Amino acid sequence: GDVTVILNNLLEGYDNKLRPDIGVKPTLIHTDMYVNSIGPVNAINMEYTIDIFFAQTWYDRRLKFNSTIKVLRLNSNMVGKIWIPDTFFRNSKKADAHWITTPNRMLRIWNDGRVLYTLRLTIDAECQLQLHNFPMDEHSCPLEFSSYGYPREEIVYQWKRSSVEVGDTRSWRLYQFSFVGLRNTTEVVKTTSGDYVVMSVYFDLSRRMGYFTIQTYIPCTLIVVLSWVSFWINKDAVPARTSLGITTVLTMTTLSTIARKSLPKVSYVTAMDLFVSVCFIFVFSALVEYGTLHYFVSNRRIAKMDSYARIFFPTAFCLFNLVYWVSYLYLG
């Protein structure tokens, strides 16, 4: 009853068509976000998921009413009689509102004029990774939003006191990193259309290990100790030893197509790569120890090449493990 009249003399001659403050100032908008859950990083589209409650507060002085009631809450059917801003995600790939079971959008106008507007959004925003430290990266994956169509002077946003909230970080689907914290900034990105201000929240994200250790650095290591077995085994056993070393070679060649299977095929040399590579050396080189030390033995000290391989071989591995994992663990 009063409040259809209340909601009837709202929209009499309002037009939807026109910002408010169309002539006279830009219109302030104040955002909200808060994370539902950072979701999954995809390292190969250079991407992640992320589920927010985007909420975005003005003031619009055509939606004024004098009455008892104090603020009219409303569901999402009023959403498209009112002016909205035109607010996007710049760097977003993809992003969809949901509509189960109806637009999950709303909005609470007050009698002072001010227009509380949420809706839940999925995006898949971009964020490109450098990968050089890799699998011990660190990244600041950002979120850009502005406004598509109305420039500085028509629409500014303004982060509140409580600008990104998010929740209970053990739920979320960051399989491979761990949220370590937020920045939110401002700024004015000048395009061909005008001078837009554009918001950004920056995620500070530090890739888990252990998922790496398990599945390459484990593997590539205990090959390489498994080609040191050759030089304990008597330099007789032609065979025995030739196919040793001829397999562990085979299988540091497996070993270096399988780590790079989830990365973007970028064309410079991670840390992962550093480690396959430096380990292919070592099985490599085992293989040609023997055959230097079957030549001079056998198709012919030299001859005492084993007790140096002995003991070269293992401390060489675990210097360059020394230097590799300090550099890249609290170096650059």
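Positions refer to the first chain, counted from 1. First, how it differs from the form deposited in another entry.
- Of the two rigid parts that describe the chain's movement between these two forms, one contains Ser256 and the other contains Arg108.
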The other form holds:
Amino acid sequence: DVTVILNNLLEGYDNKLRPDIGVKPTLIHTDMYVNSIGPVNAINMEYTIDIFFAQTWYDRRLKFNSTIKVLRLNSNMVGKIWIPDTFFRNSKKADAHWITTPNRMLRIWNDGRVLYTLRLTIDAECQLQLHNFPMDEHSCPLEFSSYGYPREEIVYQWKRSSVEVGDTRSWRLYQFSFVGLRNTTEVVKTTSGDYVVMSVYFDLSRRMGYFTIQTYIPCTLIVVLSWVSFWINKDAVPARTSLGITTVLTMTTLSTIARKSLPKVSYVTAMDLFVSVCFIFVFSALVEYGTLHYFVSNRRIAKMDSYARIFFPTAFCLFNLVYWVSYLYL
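Rather than the form deposited in one PDB entry that you just supplied, could I have the structure of the form deposited in another entry?
This part shows the chain on its own.
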């Protein structure tokens, strides 16, 4: 009884023709369930995402009159009926799933409504404004639309529950915390025509736990250690010189991780500004002793250590006051 219904629906059917091709635009209602948001790759400016993509539209050619209300079908009928050519506009690489069978579902109601769902894994490009790193926040988008059908042919619209997520604790976000998400609608003009574009924006804020312990605190300690020489006597040339140049070597070693997981962007991130200023302070402390040693011994001038005992901590605390307020509250 169901075999006859399926056979009759495809009799005299052309999957190459849009439903109501010369009547009105085909309205497609889209629903998305985000299984997981994969790691953000700042080097490649992209993120991974696994979703359940559901599209709903009406196809008058698939109306069937019977006691059955809906035909719950597997993926073998996807290639027999017309399917929207929905593609993700910022997907660098995306793929469906085929284990153990194609991860696709097709349900057809008696009034011609079709529900088409498939599981997708998408690597979507995301342009990261890496200023203020590692105190940076991003809204990585996910845009999809039809490929060949303009706004006069295919129109997309979100459902009452557009995007659903899971528990957010099974996700693979290493560097970021998921803040929130938003969905928008827009029409984009191209040479082929005007297209309806659906967009989802995932707002991500970078977690700062690693950078404080690994980078900020050690760099602060090295700068404080370089201030020790201001209390060592000026006659202890081997002690102050070795302390000054070894903190420079330590600061150079620490400076090698300021730009490690991020691309070779040529603007100064917040992490690089802090490391560079720390390198200047330890550089200036060693130069401070060199100036003091030359003028005192090798011919106010002789009170440089007393001035540097207060000026260096004051200027470093003043720099930290400006630095942390600007990137956290400004």
